[PDB]
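Trainee: Letter by letter, the chains look like this.
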Amino acid sequence: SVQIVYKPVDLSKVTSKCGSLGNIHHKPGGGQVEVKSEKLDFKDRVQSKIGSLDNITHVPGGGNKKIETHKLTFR
Amino acid sequence: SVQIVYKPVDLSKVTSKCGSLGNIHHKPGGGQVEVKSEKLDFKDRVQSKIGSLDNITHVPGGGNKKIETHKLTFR
Amino acid sequence: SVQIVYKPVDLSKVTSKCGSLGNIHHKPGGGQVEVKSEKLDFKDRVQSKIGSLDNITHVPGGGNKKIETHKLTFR
Amino acid sequence: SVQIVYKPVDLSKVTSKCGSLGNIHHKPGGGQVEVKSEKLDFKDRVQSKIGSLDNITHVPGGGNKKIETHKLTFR
Amino acid sequence: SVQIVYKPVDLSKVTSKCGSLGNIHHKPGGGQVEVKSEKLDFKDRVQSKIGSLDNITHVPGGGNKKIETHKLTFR
Numbered sequence: 305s306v307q308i309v310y311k312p313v314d315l316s317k318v319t320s321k322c323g324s325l326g327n328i329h330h331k332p333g334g335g336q337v338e339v340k341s342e343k344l345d346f347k348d349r350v351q352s353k354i355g356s357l358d359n360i361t362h363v364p365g366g367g368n369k370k371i372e373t374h375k376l377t378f379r
Numbered sequence: 305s306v307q308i309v310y311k312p313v314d315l316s317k318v319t320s321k322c323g324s325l326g327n328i329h330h331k332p333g334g335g336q337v338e339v340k341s342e343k344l345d346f347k348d349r350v351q352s353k354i355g356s357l358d359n360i361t362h363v364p365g366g367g368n369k370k371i372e373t374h375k376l377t378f379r
Numbered sequence: 305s306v307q308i309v310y311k312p313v314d315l316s317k318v319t320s321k322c323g324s325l326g327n328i329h330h331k332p333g334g335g336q337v338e339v340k341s342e343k344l345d346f347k348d349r350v351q352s353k354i355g356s357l358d359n360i361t362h363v364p365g366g367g368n369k370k371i372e373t374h375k376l377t378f379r
Numbered sequence: 305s306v307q308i309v310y311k312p313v314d315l316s317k318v319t320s321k322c323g324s325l326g327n328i329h330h331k332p333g334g335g336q337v338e339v340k341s342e343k344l345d346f347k348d349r350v351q352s353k354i355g356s357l358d359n360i361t362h363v364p365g366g367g368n369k370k371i372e373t374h375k376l377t378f379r
Numbered sequence: 305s306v307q308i309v310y311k312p313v314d315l316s317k318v319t320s321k322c323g324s325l326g327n328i329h330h331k332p333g334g335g336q337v338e339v340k341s342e343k344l345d346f347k348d349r350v351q352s353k354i355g356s357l358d359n360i361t362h363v364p365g366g367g368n369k370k371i372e373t374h375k376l377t378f379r
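Chains as they are written, first to last, in the entry's author numbering: chain A, 305 to 379; chain E, 305 to 379; chain B, 305 to 379; chain D, 305 to 379; chain C, 305 to 379.
For reference, chain A alone in the conformation it holds in the complex:
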């Protein structure tokens, strides 16, 4: 006979306190961008990105994360 008892107990805490959060300045690509092109030959796919792209300002008050994985495999 086989008897499995899976009782994981979790009374955990993930916590943050912040008195104030702010005065955040993100200024990407203030400078001048100049792209001058003459007599170019492309014989395959071209991907081009010019300027200010994909810039992120991420300011969570918390930003706290908990990842928990439980796996019981009987064979």
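Calculated from the structure, these hints are not laboratory results. Yeah, the Cβ is synthetic: ideal placement off N, Cα and C, and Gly gets one too. Hints are not guaranteed to be accurate.
As the list claims (entries may be wrong) - Think about it this way: if two alpha-carbon atoms lie no more than 20 Å apart in a straight line, the pair counts; the simulated EDC-like pairs of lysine to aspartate or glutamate are:
hint, chain 1, residue 1, chain 2, residue 2
1, E, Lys311, E, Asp348
2, B, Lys369, B, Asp358
3, E, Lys331, A, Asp358
4, C, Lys369, C, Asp314
5, A, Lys317, E, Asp314
6, B, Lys353, A, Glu338
7, C, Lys375, D, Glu372
8, E, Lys343, A, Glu342
As the list claims (entries may be wrong) - Chain A side only, calculated, beta carbon under 10 Å to chain D, not exhaustive:
hint, residue
9, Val306
10, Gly323
11, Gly326
12, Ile328
13, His329
With the hints as your guide, set chains E, B, D and C onto chain A.
Mentor: Using the frame of chain A, we list chains E, B, D and C on its own:
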């Protein structure tokens, strides 16, 4: 005989406190963009992006995340 | 006979306190970008990125993380 | 004969620039106040103030001041 | 004969620049105040202040000041 008892208990907390959250400035692509092109040959697909694209300001008051996965596999 | 009792107990804490969080300045790509190109031959795929791209300002009040993995494998 | 010519010229500037102004916390009188009084004799005027009074939070974006006085006295 | 020519010229500047201004915490009187009084005789005026009074948080973005006085006195 096989007896499986799967009783995971979770009394967990993921918490944030923030007194104030703000004064956030995101200014992408303030500068000048100049793209001058002359005599270009393309023989395949072209993807072009010019200017200020896909810029993100993300400011959650919380932004707290919990991921939990439970898997019981009997074979 | 086989008897397995899986009782992990977790009363853990992951905590942060911050009195104030701020006055953060991120200024990527203030300078001038000049790309001058003449008589270029490309016989395969081209990926080009020019300017200020993929710059991140990430300011969580907490940013606290807990990862827990539980695995019971019976064979 | 008396000839007075009063021509003061003022092309002056008083200026401020502020990118962001904020996340200001003023918390006066968080503590407990206990005033226990027994058998007091007052034979003249009494002024009493108890608690949290006359507290100021003053946050001007500018707060710039110019005072100019012109006085011509002929006798 | 008397000839007075009063031509003061002022092309002056008083200037400030601030990228960010903030995360200011003023917490007066967090502690406990206990005033226990027994058998007091006052034969004249009494002024009493107890607790958290007249506390100031002053945060001007500029706060720039110019004082100019002009005085011409003829006798």
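Trainee: With reference to the structure, classify each hint as holding or not holding.
Mentor: Evaluated hints:
For the hint linking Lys311(E) to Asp348(E), the alpha-carbon distance of about 58 Å lies beyond 20 Å, and the restraint is violated. A C-alpha spacing of about 24 Å is found between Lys369(B) and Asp358(B), which places the hinted pair above 20 Å, so the restraint is violated. With a CA separation close to 12 Å, the supplied pair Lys331(E) and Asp358(A) stays within the 20 Å bound. With a CA separation close to 15 Å, the supplied pair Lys369(C) and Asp314(C) stays within the 20 Å bound.
Between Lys317(A) and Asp314(E) the CA atoms are separated by roughly 11 Å; this keeps the pair inside 20 Å, and the hint holds. Distance restraint check for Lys353(B) and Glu338(A): the Cα-Cα separation of roughly 13 Å lies within the 20 Å cut-off, and the hinted pair is therefore satisfied. Distance hint between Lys375(C) and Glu372(D) is fulfilled; the C-alpha atoms sit about 11 Å from each other, no more than 20 Å. Taking the CA atoms of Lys343(E) and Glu342(A), the gap is about 6 Å. The hint holds against a cut of 20 Å.
The beta carbon of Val306(A) comes no nearer than 60 Å to any beta carbon in chain D, farther than 10 Å, and the hint placing it at the interface is violated. Against a cut-off of 10 Å between C-beta atoms, the interface hint on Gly323(A) holds, since the closest Cβ of chain D lies about 7 Å away. Annotation: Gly326(A) was flagged as interfacial toward chain D, and the flag holds, the nearest CB pair being 4 Å apart, inside 10 Å. Using the Cβ-Cβ criterion of 10 Å, the hint placing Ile328(A) at the interface with chain D is satisfied: the shortest such distance is roughly 8 Å.
For the restraint placing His329(A) at the interface with chain D, the shortest Cβ-Cβ distance is roughly 6 Å, inside the 10 Å limit, so the hint holds.
Of the numbered hints stated above, those contradicted by the structure are hints 1, 2 and 9, listed in ascending order.
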